[PDB]
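A lone chain, given as structure tokens: the form deposited in one PDB entry.
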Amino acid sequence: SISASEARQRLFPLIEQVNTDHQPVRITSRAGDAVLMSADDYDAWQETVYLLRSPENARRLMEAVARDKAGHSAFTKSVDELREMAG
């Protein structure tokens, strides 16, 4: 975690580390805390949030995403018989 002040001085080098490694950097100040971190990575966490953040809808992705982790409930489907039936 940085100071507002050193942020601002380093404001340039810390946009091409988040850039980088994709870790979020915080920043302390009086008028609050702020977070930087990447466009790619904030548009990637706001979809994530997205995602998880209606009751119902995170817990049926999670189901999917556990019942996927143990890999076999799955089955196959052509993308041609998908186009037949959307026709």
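Residue numbers count along the first chain shown, from 1. We call the rigid core the largest set of C-alpha positions that still match within 1.5 Å between the two forms. Compared with the form deposited in another entry:
- Once the rigid core is overlaid between these two forms, residue 57 counts among the residues whose Cα shifts by 2 Å or more.
- Core-superposed comparison between these two forms: the CA of residue 10 stays below a 2 Å shift.
- With the core held fixed, the Cα of residue 44 is displaced between these two forms by 2 Å or more.
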Contents of the next structure:
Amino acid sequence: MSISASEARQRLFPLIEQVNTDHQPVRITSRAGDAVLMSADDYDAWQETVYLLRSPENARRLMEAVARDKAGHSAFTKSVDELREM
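Alongside the form deposited in one PDB entry that was just displayed, please also present the structure of the form deposited in another entry.
A single chain, with no partners or molecules, comes next.
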């Protein structure tokens, strides 16, 4: 979860499998500054949902969609549970 740009340039393939599995960002350090590698799905999803949050009513529309079905229930309970653990 933190490594030199030097160790990361060798190890990009497994770092990318990594961020896409455990969904944990990787800090890459460097003399010319530090960087974060992350799952590109996660990042994109994060942007696109903030895109939809133009107002409280959209946040409400999101929660409902989540309340609609059993897969919504699953995904939302796991998120709250993640939260509850930290």
